[PDB]
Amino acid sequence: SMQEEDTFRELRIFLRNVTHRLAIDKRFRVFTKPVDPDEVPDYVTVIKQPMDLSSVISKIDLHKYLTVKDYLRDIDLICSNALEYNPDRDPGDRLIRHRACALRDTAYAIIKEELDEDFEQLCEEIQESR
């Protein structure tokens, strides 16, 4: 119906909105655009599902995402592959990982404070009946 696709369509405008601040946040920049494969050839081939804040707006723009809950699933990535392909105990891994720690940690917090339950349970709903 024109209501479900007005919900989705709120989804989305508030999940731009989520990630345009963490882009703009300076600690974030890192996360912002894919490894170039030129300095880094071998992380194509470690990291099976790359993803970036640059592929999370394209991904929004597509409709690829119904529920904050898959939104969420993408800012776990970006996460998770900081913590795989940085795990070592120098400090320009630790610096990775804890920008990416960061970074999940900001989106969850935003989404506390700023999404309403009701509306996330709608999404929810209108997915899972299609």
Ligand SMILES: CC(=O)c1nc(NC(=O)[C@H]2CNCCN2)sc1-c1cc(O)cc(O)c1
The other form holds:
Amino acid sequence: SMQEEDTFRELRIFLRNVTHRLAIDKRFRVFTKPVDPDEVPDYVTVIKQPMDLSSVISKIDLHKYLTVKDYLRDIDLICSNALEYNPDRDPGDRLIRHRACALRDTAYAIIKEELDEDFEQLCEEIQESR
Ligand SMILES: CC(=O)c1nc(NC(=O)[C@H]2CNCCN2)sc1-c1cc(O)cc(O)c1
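Could you switch over to the form deposited with the named molecule bound, since the one displayed so far is the form solved without the named molecule?
Now the complete complex, all chains and molecules, led by this one.
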């Protein structure tokens, strides 16, 4: 309905604002663009489902997220992809894993603090009816 497209538009506005706040954080610069095969050739090997914050913005604009859970699944994908590509003890890996955990925890904490629980529930129930 008009009432439901309003809800989904508000969700999109919210998710764009969260994602922008993640994307401008210096810690998360490695997660802002897709991995370049030129700069990192063996990534396309290990990571079957690449994800990054620019792709999140495009999916928002494509109406691909109808719920916050849907969005958080892709945030979790950015994080788990980074843990898988960086399993070793050496400091390059440990630094990426730390930022990846911080990206995930930051996204969850912004949503917990600023997203109304009844709004996310409305989003869920509209989606379940489709
Ligand atoms: C996002 C990600 O998971 C990622 N992981 C890396 N790991 C390493 O470089 C590890 C590999 N093991 C040996 C020690 N170095 S680099 C990197 C990345 C970094 C950027 O500046 C841009 C970008 O698009 C991706």
